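Take a look at this single chain in structure tokens; it is the form deposited in one PDB entry.
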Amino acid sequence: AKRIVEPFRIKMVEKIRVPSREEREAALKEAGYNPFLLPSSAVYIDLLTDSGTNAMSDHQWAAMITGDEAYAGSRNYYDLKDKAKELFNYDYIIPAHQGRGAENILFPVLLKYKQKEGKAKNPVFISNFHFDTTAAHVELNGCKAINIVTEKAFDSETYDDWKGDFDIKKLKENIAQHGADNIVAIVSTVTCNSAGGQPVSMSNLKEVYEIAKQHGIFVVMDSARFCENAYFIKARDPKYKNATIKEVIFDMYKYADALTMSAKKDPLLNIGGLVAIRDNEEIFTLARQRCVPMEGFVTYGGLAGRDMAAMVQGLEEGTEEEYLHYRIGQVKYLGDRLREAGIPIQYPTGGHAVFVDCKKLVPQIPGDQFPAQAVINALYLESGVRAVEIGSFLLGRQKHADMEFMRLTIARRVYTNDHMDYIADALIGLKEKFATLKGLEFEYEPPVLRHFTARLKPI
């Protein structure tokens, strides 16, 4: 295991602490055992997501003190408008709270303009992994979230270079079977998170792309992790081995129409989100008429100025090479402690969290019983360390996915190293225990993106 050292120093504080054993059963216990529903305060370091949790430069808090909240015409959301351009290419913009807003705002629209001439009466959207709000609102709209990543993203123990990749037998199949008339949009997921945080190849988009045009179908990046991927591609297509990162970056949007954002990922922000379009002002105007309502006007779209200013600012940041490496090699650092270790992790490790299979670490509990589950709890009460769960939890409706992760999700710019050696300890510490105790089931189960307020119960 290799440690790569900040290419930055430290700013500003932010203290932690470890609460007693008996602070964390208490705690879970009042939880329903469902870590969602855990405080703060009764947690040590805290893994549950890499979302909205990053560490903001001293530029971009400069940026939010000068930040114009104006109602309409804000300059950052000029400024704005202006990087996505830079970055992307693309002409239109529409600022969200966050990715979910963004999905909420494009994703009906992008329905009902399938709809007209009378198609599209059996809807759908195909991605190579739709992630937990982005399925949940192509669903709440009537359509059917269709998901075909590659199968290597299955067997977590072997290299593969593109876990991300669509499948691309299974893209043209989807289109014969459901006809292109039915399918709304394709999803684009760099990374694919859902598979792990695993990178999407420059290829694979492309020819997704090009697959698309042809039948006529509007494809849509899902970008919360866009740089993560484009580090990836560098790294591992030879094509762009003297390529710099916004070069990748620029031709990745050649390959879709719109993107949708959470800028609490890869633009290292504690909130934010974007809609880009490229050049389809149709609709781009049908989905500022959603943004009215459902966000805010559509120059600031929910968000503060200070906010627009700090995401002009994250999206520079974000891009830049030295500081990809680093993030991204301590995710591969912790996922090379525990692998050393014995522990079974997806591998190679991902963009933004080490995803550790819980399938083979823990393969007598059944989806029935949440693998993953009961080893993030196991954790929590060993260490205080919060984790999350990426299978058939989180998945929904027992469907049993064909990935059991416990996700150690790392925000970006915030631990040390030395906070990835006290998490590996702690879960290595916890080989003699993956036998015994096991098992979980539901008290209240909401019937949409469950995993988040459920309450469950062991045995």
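Numbering follows the first chain given and starts at 1. We call the rigid core whatever largest set of C-alpha positions still superposes within 1.5 Å between the two forms. Compared with the form deposited in another entry:
The residue that stands out in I410, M403, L427, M420 is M403, the single one whose Cα moves by 2 angstroms or more between these two forms on a rigid core fit. Shown in the overlay between these two forms, fitted on the rigid core, is a CA shift at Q373 of 2 Å or greater. Once you line up the core between these two forms, the Cα of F452 ends up 2 Å or more from where it was. Once the cores line up, the CA of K359 ends up 2 angstroms or more apart between these two forms.
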Contents of the next structure:
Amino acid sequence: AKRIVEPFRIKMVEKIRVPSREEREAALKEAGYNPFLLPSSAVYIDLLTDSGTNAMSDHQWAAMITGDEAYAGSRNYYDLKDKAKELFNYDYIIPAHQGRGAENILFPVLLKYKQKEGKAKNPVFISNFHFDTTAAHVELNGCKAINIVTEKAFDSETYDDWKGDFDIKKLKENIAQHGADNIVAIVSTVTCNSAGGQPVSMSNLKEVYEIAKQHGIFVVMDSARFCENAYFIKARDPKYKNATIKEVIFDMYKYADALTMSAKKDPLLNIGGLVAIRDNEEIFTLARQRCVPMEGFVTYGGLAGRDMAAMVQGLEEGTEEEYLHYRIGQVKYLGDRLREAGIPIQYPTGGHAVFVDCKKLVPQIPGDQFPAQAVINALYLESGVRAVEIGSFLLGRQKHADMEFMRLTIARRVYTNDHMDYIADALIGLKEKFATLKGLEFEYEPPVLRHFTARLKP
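Could you output the structure for the form deposited in another entry, given that the previous block was the form deposited in one PDB entry?
Single chain only below; no partners, no other molecules.
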């Protein structure tokens, strides 16, 4: 494995502590064996998400301090509008309080727009892979969320350059099956979070957009990790090995009509989101009319002015190639420590997380005994590291658990490679009691979203 040095130095620290196993195990009892219900006081290193836990720069805090809190016409709204025009070449912006706020703004509008003239009677969204909140909004609006990720993503340990690509064959089949008139939009998720943070190639984005444009289908770029996608295109696509990251981004967004962004990811923020529309004024007007009751007035969108100011700065810092190389290299370093030790991962590692594959380390625990969770709980009891499950405890009602992933999600510019080593050694050291591991059962199961609030028991 290769350690890559920080292209920065530390200016402010935040204390963290590992609770004693007596404290650590008592906290898991009261938590009901669900890490989502643990308080942060009980977590050493927190790998639950890369969302909103990033470390900002001094320039970002300086922007927050001079942020314009005006209810209408904030200086930072116009800055954010100019920045989206610079990065994506899109003429219209609506800030949102975070990613799913942006989805709430835009997806109901696209459905209403598609259902003009009385079409879209069987409305669907098609994505390489809809993220959970994205799919939830698709379905809350009475549509179907169709995921057509490339089959390469399903062969975890076999390298491929672009495991986030659309299955182009399935895109055409679905357009034929449902009809272009029922397809509300195509959602291109970059990077493809649910496939393991795996990149979508520039030629896949291009071909998907050209196919959709030919059928008059609107394309939204789910852009939470668009900079981590742009880096992979520069690193794996020869046509772009000599291009700046901003050049890769500018081309990427020729292949979408709008974007929804969680700025809690690649823009390096702790809160914030964005809608941006290339040139459809009518959809922009309609989305603004939804923004007002759901989020806020159209020039802050549920954000403080200081957070729009931090977004303007964080959008620039997140395109910097030397940071991205360090960021994605640190993720790759953790993955290499793991697979050099014989732990299966989605290879290659994505931009933001290491995905530990199905539990070939706990064979005695089946699907509905939650094998990834028992790993996570022993991993938590042995080290204090909170990870998130992507398996039979997330999927729910039992829909076939094709993968028993464990996601080690890494916040940006927060943890060092020595933190990565601690993570790796903890998980490797679980090859002592991996076999002698008890399964878990529902002591309290909620009707929906159980992985958030279900109380389990060994």
